[PDB]
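Using the sequences plus the hints, can you model the full thing?
Given next are the chains, with one letter for each unit.
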Amino acid sequence: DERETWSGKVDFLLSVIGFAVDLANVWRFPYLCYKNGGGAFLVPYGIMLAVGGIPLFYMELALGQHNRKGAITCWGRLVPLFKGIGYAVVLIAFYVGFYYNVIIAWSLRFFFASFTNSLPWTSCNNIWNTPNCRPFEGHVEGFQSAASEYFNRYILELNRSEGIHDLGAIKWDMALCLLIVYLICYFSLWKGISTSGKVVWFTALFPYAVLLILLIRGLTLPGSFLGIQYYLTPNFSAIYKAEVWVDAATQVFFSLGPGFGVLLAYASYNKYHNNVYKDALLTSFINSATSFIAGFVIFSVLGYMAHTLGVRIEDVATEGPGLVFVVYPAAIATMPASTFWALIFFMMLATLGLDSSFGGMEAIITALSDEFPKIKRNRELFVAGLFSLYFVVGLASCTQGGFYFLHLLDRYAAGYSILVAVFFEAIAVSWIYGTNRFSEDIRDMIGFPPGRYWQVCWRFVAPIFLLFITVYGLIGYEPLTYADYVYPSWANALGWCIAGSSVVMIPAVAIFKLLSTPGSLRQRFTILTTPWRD
Amino acid sequence: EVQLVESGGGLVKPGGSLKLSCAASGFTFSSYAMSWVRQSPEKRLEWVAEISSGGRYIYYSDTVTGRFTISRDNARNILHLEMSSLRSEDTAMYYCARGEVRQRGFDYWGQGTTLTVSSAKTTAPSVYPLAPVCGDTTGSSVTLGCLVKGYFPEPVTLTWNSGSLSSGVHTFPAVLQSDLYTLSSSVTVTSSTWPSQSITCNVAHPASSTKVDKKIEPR
Amino acid sequence: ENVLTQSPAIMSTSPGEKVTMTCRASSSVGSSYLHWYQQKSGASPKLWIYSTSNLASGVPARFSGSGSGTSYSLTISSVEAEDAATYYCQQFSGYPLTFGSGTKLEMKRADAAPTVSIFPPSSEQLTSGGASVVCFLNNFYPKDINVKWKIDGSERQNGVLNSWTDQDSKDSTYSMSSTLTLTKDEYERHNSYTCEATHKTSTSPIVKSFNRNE
Ligand SMILES: CC(C)CCC[C@@H](C)[C@H]1CC[C@H]2[C@@H]3CC=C4C[C@@H](OC(=O)CCC(=O)O)CC[C@]4(C)[C@H]3CC[C@]12C
Ligand SMILES: CC(C)CCC[C@@H](C)[C@H]1CC[C@H]2[C@@H]3CC=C4C[C@@H](O)CC[C@]4(C)[C@H]3CC[C@]12C
Ligand SMILES: OC[C@H]1O[C@H](O[C@H]2[C@H](O)[C@@H](O)[C@@H](O)O[C@@H]2CO)[C@H](O)[C@@H](O)[C@@H]1O
Ligand SMILES: OC[C@H]1O[C@H](O[C@H]2[C@H](O)[C@@H](O)[C@@H](O)O[C@@H]2CO)[C@H](O)[C@@H](O)[C@@H]1O
Ligand SMILES: COc1cccc([C@]2(O)CCCC[C@H]2CN(C)C)c1
Ligand SMILES: CCCCCCCCCC
Ligand SMILES: [Cl-]
Ligand code: NA
Ligand code: NA
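Chains as they are written, first to last, in my numbering: chain A, 6 to 539; chain B, 352 to 570; chain C, 1071 to 1284.
Among these hints, one or two may not hold up.
[What the hints assert, rightly or not] Here are a few chain B residues that face chain A, going by a calculated C-beta distance under 8 Å:
no.: 1; residue: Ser404
no.: 2; residue: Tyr408
no.: 3; residue: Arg453
[What the hints assert, rightly or not] Below, simulated DMTMM-like cross-link-like pairs (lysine to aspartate or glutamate); rule was C-alpha separation at most 20 Å, straight line:
no.: 4; chain 1: C; residue 1: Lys1278; chain 2: B; residue 2: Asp487
no.: 5; chain 1: C; residue 1: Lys1174; chain 2: B; residue 2: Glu397
no.: 6; chain 1: C; residue 1: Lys1110; chain 2: B; residue 2: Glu397
no.: 7; chain 1: C; residue 1: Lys1213; chain 2: B; residue 2: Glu393
no.: 8; chain 1: A; residue 1: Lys176; chain 2: A; residue 2: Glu162
Because the hints were derived from the structure by calculation, they are not lab data. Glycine included, every Cβ here is placed at the ideal spot set by N, Cα and C.
Now the structure itself:
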């Protein structure tokens, strides 16, 4: 086969290490440790990682390398009745890009905003603050931090949106950042993985540089140890609570991202007899390693806020963009050489997102190249049209009420969509295709069959591991709300369409492939359950 | 425990077609890739074919490719090898070796089965007993002999006294010369044992329905 | 194809000594794929060392293995006679899979002159118009030995079938059989048949002979 292949082996490694390590390593794993019994949280985290995630992480990386094709084709050549999986997985990757790149633009607008000596978000006597302001985070909502009013009232101007319907003015300073993002994408992966494979060196290694700097300045700070205590001081009571084994199980899933079509796409250019098993374990480790490390960077600074700046930690130990955009920038502002910690930090946050946004694009570009060769013969040109659809719709997220539109996509674009999709991937591979077939495939590739441990995690554990999350994840349904803004019933119904528009293509192309073929039913499933390689 | 048994194979005329069989037992034959390794009569090992466990990955040596076919019956736990357009350099003993992990090699090996490809024709031996020269005999232990000359193909089974005396037996390997094998075995027994006790040569050649005893009587 | 050659081809060693054998690949081989097989005289081969150094179950710890790249070796610390075998290396990295030429480990012992014994043509064979004289040379060391036939006085060079045995398993010795064959007419037209075996144990060769009448 004249397929392409990674210019170097590190280009595949750093392309995967970068897709996996993003802001959720910096902002949701330290919170989960802090909230759920400290270091003791590492137990259910590691258990849910050992039996549920890395099993799944391994399974996809091996498939992608072996079946050598992108996400759509690789499920047609494996179980044709379930070719719809590849279609679902790809537009989910299409939907996410409608908001994921915005979070990078926020970083870039803060990076551009950190070119000064008095960082704007530190003082509360500016044109955008309110009389109900505090210089640092508190626990009353009418009174927000000076670094949180700079975010909601100047950077986002969310105070000028009465809801989802009131998008209000397009803010072009943010639009110009969203373009700088999609341009940073295009010229880094238009010509192929010949160049994307190299681009990821800066964007995947630079965070580790900024981490080591911020890990030193964080740890060499008055009150730095007090943070490390709140991070890891073990309370094994939380072990008992099953609400913690869901938070471990759900964080392991989205932090590694198996069954997303990316690792499959990235492996499809791997050389056949490459030891993917080694790559799976080495890659997965550097992931959870970076999150454990990153909690030290965050919570060293987070302890310094409590001891020096006089805040209750439960008021600064937050998750999500509030931490990287309000809380941590607020403590940077108090440190000497603050303009330096600002720039590396936001240039960290940006690079943390780019590698991961690269993977989403490629899973779409590769799945389409490997099926509609008009796309393949016209790569450079195709991507232009793709990223422009992103930018144009993305202008809806650069308005004043932009956040409300993002929050909807954060919840529905790829929420319950992907969880069922991967459940059908585990079922399609461990059961319909066959671990019998699958292990025989791997042995031909790397030289040995997967240990009976892996086979068992693939066939039973992972399906009930995914089931564990979707069940305990539907039990906690609440209508979409931000602050007091209750999203209207038609906005959820809309978000249900984009959540359905993925999963529906599983029984759709199951039905369409059934009806489009000749024979009798057991002759029907047999013809649609025997793979191409067979 | 784990054990393999190769079966089928024998004499074949050149261009002919023979099929071998390896019966696995003592382990999950479905889980393990097997491979066929052959050994020429010049004692050099050579790999022939490999088949994956499910049988969907099949690698051939460049020598036997297009002529051999290695199939696999995971129901009855039988590994197969179908030979066609048989050449003479295909002559060897064929081994059924269990290897799944390349990094571990061939775990277990069967007895092996013997393929002889030759246009030459089956003939039976004529066993001559070797009684010593009548003169002299002025020694302490006496050596007898037996001559199994002019047979084909291998093997031949030579025991002394129905397989009852082994100390003092030297059964020399066969040597082919102009499409015919010649074997001889020498037996050295104490002077008090022969011709006091009966020394017979028990030759056996199944390929030609031959069961011949030639007792050693003096000259 | 990845050609493997091993040295030496044959290796005589006294028990207790230390032996080393080498395996050299025409193309480079990853360390994790080169294995070693022990095969005894007339038995199926046995997996001995897998992935360069790891012994297989049942392999005494007196065996070691090392090497990398294009040169690997098998090393026996202190040999016993239960290790007289032929050893093969094998690569499993690429297809076709290839086995090395093998090294035949033979036991070294003190020298031993042969015991020649010559046998006239059988009586049953003479009726068949054939007449072959058998000369046995048994239990001697080292392996090399050189027979010579003399019908009457003249040495006869063509018509002979020699066959050596594998090294004996109790005394580590050798035996060999030479068979000069003749037509009945050419045998009944001479009387002296001599079989003299030259060996390193004596410059003067051990002789055996007989006359067709006595
Ligand atoms: C910095 C800290 C948070 C790192 C997180 C720990 C993980 C990187 C560790 C925790 C438990 C480890 C796992 C525990 C058990 C196993 C089973 C083990 O199974 C085998 O030995 C092979 C099975 C077979 O071949 O039969 C493979 C490694 C693995 C997945 C380990 C991989 C790495 C894990 C997930
Ligand atoms: C907290 C700070 C000190 C962590 C710093 C760790 C950095 C230096 C480590 C963590 C991840 C590591 C990378 C992970 C992957 C590989 C692929 C391998 O084939 C070459 C080394 C390379 C490229 C590593 C280089 C060094 C590396 C970037
Ligand atoms: O909040 C929107 C924004 O509107 C105004 O900015 C205009 C600007 O004046 C024009 O030059 C053009 O660039 O479009 C802008 C829209 O972002 C206000 O001046 C500004 O304060 C305000 O944020
Ligand atoms: O001192 C900071 C400086 O920046 C402000 O914002 C700029 C921004 O930095 C640019 O990225 C652009 O995109 O939008 C704004 C327009 O200048 C203001 O310029 C200024 O008030 C302030 O001093
Ligand atoms: C193509 O699918 C994706 C592309 C980019 C990002 C994601 C995410 O799901 C977005 C939500 C947070 C988890 C991310 C995955 N982990 C962090 C790698 C999915
Ligand atoms: C879901 C991706 C759709 C992208 C638009 C197609 C552009 C066609 C250019 C030939
Ligand atoms: Cl994580
Ligand atoms: Na990244
Ligand atoms: Na991660």
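### Query
Quick one, is the B/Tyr408 hint okay against chain A at 8 Å, beta carbons?
holds, 4 Å
### Message
Tell me if the straight-line CA distance from C/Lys1213 to B/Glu393 falls inside 20 Å.
### Response
holds, 19 Å
### Restraint outcome when B/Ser404 is required to lie within 8 Å of chain A by C-beta distance
holds, 5 Å
### Query
Under the criterion that the straight-line Cα-Cα distance not exceed 20 Å, is the pair A/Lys176, A/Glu162 satisfied?
Since the Cα atoms of A/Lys176 and A/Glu162 sit roughly 9 Å apart, the hinted pair holds (cutoff 20 Å).
### Message
Holds or violated: C/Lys1174 and B/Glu397, Cα atoms, limit 20 Å.
### Response
holds, 17 Å
### Task
Assess, step by step, whether the Cα of C/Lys1110 is no farther than 20 Å from the Cα of B/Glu397, and give holds or violated.
Status holds; Cα separation ~17 Å.
### Query
Does B/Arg453 pass the interface hint, meaning its C-beta sits closer than 8 Å to a C-beta of chain A?
holds, 4 Å
### Query
Are C/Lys1278 and B/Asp487 close enough, with their CA atoms no more than 20 Å apart?
holds, 11 Å
In summary, the structure agrees with every hint in the numbered list given earlier.
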